[PDB]
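There are 2 protein chains.
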Amino acid sequence: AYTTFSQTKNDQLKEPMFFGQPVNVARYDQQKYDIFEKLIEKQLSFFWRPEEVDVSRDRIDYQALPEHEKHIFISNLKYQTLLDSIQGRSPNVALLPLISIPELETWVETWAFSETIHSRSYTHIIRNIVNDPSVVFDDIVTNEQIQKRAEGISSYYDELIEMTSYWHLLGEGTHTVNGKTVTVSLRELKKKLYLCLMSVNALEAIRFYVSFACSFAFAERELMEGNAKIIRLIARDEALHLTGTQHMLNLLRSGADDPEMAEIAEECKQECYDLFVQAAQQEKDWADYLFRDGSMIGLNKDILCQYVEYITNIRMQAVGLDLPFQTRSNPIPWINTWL
Amino acid sequence: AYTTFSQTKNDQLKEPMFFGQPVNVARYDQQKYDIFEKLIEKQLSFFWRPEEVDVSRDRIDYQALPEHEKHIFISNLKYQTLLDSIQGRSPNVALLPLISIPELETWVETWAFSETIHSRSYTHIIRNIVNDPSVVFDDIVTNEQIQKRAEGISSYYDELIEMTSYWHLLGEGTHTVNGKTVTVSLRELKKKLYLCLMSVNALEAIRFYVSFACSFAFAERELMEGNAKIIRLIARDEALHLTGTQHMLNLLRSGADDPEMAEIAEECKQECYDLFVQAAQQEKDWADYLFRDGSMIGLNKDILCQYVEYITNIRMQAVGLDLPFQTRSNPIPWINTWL
Ligand SMILES: [Fe+3]
Ligand SMILES: [Fe+3]
Ligand SMILES: [Fe+3]
Ligand SMILES: [Fe+3]
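Just so you know, the sequences run in chain order A and A'. A prime marks a further copy of an entry chain. Residue 1 is where the first sequence starts when you use the deposited numbering, and the numbers rise one by one after that. Residue 1 is where the second sequence starts when you use the deposited numbering, and the numbers rise one by one after that.
In short, the hints are calculated from the structure, not lab data. There could be a bad hint or two in this list.
Put simply, identical chains are the same to the list, so a pair is met inside one copy or across any two.
To be verified - Once the Cα atoms are required to be at most 30 Å apart in a straight line, the calculated DSBU-like pairs of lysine-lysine come out as:
(1) 32 - 14
(2) 42 - 229
(3) 191 - 284
(4) 9 - 284
(5) 148 - 14
(6) 180 - 32
(7) 14 - 229
(8) 38 - 192
(9) 191 - 70
(10) 70 - 42
(11) 301 - 42
(12) 38 - 269
(13) 148 - 32
(14) 42 - 180
(15) 9 - 148
(16) 192 - 9
(17) 9 - 70
(18) 180 - 192
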């Protein structure tokens, strides 16, 4: 059974990141892993609000864009909004119940919070460039291309949450539920967690960076400059987010936190590799949708797909996966000005 | 089954606050209840960090305090830390899975986040006034007086979470779990939610304000002035927090959100009244512990108990409960300078 204040006095410096005794006292004078304390402190130092960015020129730019360029821009913004709708809530609902050290617990809540600022900022942008935001927001849910990605990404979270509820209620073992063989295994729940974090790492480290390239390609043409300033702030946060999941995954991998996780991560490695490859392929297929009606100065299906391969290689190496693509230089080095 | 991105395109302006379709798209161009949008905007405008307050003089003050005055101060700070350890995590774990409108979802995550800043600020204070913070933080978990209050407060949250997991997995009905009669009723889950919010409202609106009086009584003597400046910031946040739960409770009460909740709230009213009375009595009994070794200029068991009765009456009226105590003027009007 899960509890919001566990009554056992435990040494929180010896707890594992996940699945230990739920955190009772929230204290910040000591850390098992100070990366999480440093990320909290940095995310707090970055605190920004969308309304401090002038987006008033972007309506004119948007109106002046050719129709296929509107399609590129607004499809990209709808996807970002989709992704951070998930990211605003899911770290809290999915990970918080499983965390057993206070610095990780507070990082996850600071992370999710910073995502709601991202979500609020996409509303600020949408409201300022179209006449009827409802059209945009409704299309996020019903768009065939977008909901393909939503269903895959949300399933990593949903499956972790469902298994968690079974574990908190039933505990480990083979259980009878209405006459069904429900086998609750902590090793399996640990696998769901590790895969979910891998999917979240691809989400922030690859999927959002593909979208940043689209946003900044407009800024390179001196268009949608209010949008670009916001995305600069979002990208600076995203670098913190993906660093956190990088450290979670690698600490789980190393056996330094939980020795059972090290062998789980090895049994999962082909699964994780494949999950990352499928995400990169999905992002490549998304560029076909973005550029279905034509391309724009500085960005097209070919260039963006090169960038998918380039960034996927970097992120996969950083979590110890093999590289799925040929090594290559950055095909859009102008993006570095914005990151 | 709970889902982090529900694929049905729903009119979020017609959803109920709780138990409807989980929020898919996070948008902020429209609200069913704009109180939650206003609270988000205000809490964001208040963003502060504990390290911008100078607490360097408080170690000297603390050292100069007589031993019973140290006991008053540090017991109060341990309780505040206890309470916001719970408040840092519990809104997210307990309420987020049940929310079906985006402005409420984002308020709850902003609320919980602001609580982690409160928790970080108590670490900042503790670290700066004692030599060994571990002694303080360990006593929060093992202190007989403190864990009485922790167990009661956390049980409202824990019971709501447990019933939620049953509801998401099993749905409504009479179910067989390992041969047990598990009756999942949404009417009963709604009752657990409404009582939990009542307990959270007493927590922020009464229990913390009793503790604010203790902190500010030192500031009135020109002692622990760094602590007092932090608690001023915390109290200004707390006024937003309790306003949110006030509106949640009253909207549930009125039947404007969910007509089934209106009749549930009426069937719960004696229970809620009693829960508030028990909390006020617990806070009165806490003053006996605070002042067990003596009192200080401006604050003693009698005065603080008067303030319990005074503030309890105000908060209970604001959520439509009858007043348990005689009407009385504010016994500590100097507290208004700090609030
Ligand atoms: Fe984001
Ligand atoms: Fe992110
Ligand atoms: Fe607080
Ligand atoms: Fe609060």
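Now the hints, each set against the structure:
In this assembly of identical chains, the alpha carbons of residue 32 and residue 14 lie at most 30 Å apart only when taken from the same copy (7 Å versus 45 Å across copies). Proximity of residue 42 to residue 229 under the C-alpha cut-off of 30 Å is found in both arrangements, the shortest distances being 19 Å within a copy and 23 Å between copies. For the homomeric pair residue 191 and residue 284, the shortest alpha-carbon distance inside one copy (27 Å) is at most 30 Å, but the shortest distance between copies (48 Å) is not. In this assembly of identical chains, the alpha carbons of residue 9 and residue 284 lie at most 30 Å apart only when taken from different copies (26 Å versus 50 Å within one copy).
In this homomeric assembly, residue 148 and residue 14 come within 30 Å of each other (Cα to Cα) only across copies, at 26 Å, whereas the closest approach inside a single copy is 41 Å. Taking CA atoms no more than 30 Å apart as the test, residue 180 paired with residue 32 passes in neither setting, with 40 Å inside one copy and 41 Å between copies. When the C-alpha separation of residue 14 and residue 229 is checked against a cutoff of 30 Å, the pair qualifies neither within a copy, at 42 Å, nor between copies, at 34 Å. Taking CA atoms no more than 30 Å apart as the test, residue 38 paired with residue 192 passes inside one copy only; the shortest distance there is 27 Å, against 38 Å between copies.
Neither within a single protomer nor between protomers do residue 191 and residue 70 lie at most 30 Å apart by alpha-carbon distance, with minima of 41 Å and 48 Å respectively. In this assembly of identical chains, residue 70 and residue 42 lie within 30 Å of each other by CA distance neither inside one copy nor across copies; the values are 35 Å within and 34 Å between. Proximity of residue 301 and residue 42 under a CA criterion of 30 Å is satisfied in neither setting, with 35 Å inside one chain copy and 43 Å between copies. In this assembly of identical chains, residue 38 and residue 269 lie within 30 Å of each other by CA distance solely inside one copy; the values are 28 Å within and 46 Å between copies.
Proximity of residue 148 and residue 32 under a CA criterion of 30 Å is satisfied inter-copy only: 29 Å between copies versus 39 Å inside one chain copy. For the identical chains of this complex, residue 42 and residue 180 are neighbours neither inside a copy (48 Å) nor across copies (49 Å), given an alpha-carbon limit of 30 Å. When the C-alpha separation of residue 9 and residue 148 is checked against a cutoff of 30 Å, the pair qualifies only between copies, where the shortest distance is 15 Å, while the shortest distance within a copy is 46 Å. In this assembly of identical chains, residue 192 and residue 9 lie within 30 Å of each other by CA distance both inside one copy and across copies; the values are 29 Å within and 28 Å between.
Taking identical chains as interchangeable, the C-alpha atoms of residue 9 and residue 70 lie at most 30 Å apart only when they sit on different chains, with a minimum of 23 Å there against 58 Å within one chain. For a Cα distance limit of 30 Å, the shortest separation of residue 180 from residue 192 qualifies both inside one copy, at 21 Å, and across copies, at 28 Å.
Of the hints listed earlier, those the structure fails to meet are numbers 6, 7, 9, 10, 11, 14, in rising order.
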